[PDB]
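One chain is shown next in structure tokens, namely the form deposited without the DNA.
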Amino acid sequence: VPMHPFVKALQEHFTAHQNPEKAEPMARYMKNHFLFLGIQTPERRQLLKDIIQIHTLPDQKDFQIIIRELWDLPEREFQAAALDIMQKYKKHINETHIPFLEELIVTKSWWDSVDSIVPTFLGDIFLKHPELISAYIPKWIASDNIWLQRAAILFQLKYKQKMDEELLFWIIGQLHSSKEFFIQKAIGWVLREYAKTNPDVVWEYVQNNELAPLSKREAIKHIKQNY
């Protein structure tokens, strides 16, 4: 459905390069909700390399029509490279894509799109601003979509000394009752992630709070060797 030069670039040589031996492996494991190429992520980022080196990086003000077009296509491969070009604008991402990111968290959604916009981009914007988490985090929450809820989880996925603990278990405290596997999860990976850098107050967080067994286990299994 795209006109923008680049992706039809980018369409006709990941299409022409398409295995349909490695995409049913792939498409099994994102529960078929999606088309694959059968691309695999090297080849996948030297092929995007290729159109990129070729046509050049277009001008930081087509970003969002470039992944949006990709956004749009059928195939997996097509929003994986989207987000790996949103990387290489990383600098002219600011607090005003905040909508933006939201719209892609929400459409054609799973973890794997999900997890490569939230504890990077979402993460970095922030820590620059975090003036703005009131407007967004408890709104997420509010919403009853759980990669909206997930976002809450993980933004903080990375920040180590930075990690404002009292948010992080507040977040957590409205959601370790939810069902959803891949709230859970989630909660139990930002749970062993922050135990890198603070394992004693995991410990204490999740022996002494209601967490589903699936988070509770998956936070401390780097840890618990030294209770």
Second form
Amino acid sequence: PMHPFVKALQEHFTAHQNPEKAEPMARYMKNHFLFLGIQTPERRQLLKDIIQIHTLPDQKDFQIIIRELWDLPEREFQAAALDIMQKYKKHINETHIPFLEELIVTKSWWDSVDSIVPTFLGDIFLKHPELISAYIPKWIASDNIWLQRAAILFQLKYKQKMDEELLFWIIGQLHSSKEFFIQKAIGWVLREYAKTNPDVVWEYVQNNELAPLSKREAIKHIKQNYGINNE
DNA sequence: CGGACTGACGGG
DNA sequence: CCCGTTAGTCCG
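Structure of the form solved in complex with the DNA, given the form deposited without the DNA:
Every component of the complex follows; first up is the chain already shown.
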């Protein structure tokens, strides 16, 4: 924590650490991260305390503060970094895509990636759909499952603005993956989009290959709409 | 497989 | 209060 705002946050969080809670919290993330043991409601209040005392740093320091928090060992600091990014939301634009990519592929797990993709990247590609093809093909072709998950989930909240052809093309590229985080993301995005257009999702899952997990997750609700044919 | 439950977080 | 959801564990 070079930056004084980050140092203040580190000190304040550490003073309220809970080693008893940190153990199960770390186990929940498969022990990929150390935890201080601070859950979301308190963690947000502790951040708020520091903002009240120091004020939110000038936007010139935004990316710097995020990266410094990203570099700290305990997972709460990445969660706090994401809370802070939201506070700078109106300053984030298409020029930040590489910055967001780097966040996705460092300290990677489902918690951070899910908090970056459908919101920050989703909003950017909604305003600049013409940039999708500058990134999505690379993400799918990469060795990185989190970039692949990003390609699937960036349209999660699009509803009626969903690009169906694009969605199904992306899923087609990834449908053979044996990776849980890919199979489940496919299930999730289809389940969610089915809330907007159930007929299109139903037809897709009945007529295109998917991992068993992806298909069952996709239709967990809409199977009530159409029924389950006797085998 | 995949269903039932555990659970913290989001938000109607 | 309601119910949705990332995950997670447990079991036939």
